[PDB]
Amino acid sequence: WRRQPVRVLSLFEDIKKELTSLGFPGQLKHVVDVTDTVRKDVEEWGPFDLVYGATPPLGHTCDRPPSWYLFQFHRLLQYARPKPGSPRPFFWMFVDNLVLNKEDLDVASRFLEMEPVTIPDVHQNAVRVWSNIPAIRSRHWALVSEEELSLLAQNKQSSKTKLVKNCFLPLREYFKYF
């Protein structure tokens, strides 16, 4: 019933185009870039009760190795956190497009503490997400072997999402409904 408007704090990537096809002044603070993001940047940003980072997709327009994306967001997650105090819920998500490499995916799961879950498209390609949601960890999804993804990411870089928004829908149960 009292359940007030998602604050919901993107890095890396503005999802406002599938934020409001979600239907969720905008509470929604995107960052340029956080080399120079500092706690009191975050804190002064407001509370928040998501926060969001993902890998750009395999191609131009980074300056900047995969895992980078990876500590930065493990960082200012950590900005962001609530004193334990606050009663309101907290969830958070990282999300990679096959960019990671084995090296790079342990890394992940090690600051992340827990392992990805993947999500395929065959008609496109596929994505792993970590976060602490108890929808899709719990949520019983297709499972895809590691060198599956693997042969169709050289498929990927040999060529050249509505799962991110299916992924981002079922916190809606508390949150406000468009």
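Numbering follows the first chain given and starts at 1. The term rigid core refers to the most C-alpha atoms you can superpose between the two forms while keeping them within 1.5 Å. First, how it differs from the form deposited in another entry.
After superposition on the rigid core, the Cα atom of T35 is displaced by less than 2 Å between these two forms. Remark: with the core as the superposition reference, the CA shift of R110 between these two forms stays below 2 Å. A displacement of 2 angstroms or greater separates the C-alpha positions of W141 between these two forms, with the rigid core held in common.
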Given for the second form:
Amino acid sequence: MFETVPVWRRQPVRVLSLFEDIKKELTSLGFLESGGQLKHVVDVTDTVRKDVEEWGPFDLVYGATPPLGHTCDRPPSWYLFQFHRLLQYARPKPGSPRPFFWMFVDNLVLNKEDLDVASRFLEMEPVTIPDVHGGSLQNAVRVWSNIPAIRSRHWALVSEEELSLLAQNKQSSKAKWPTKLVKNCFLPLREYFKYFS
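Show the form deposited in another entry, please, the one above being the form deposited in one PDB entry.
This part shows the chain on its own.
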């Protein structure tokens, strides 16, 4: 873990948002301002490590699969593998430690055998973030992250069959990204960076 940064020298986040973009949500939480401190890129097949150092440095690396019910160009594991690769490119070298956070989100797009590879390459098992209304499960996301309080938001009440049936129904319907579920996940970070009111 990283140590607390006092309020005077808290500097703005340098966010690397892969695939989807979270500029709107982040600036809704006061991490960005109107003016770009957030690099966004969707096709990283030709971007190499020197490109990440060029766009960097970065204090946060973010990636997320395409929405549920939106059949994608790429295979689902592609976003995961590319996020891992570019996260390795963006990690601070072990000589200079500094607060560095990352987060990958799945809108129930990765299948059963992709989730094992996910928990393997990300070294944690995902956090199930649901959207319940009237006692019924409307949407959900799985999250891998080292952001501090990311583990306490897990819903053990949501089983895997429930998630699979949700994904089946909402892909047979074929709805855009529900970023409301991951928005509160960034709040434990303002004690490390600046807040814009």
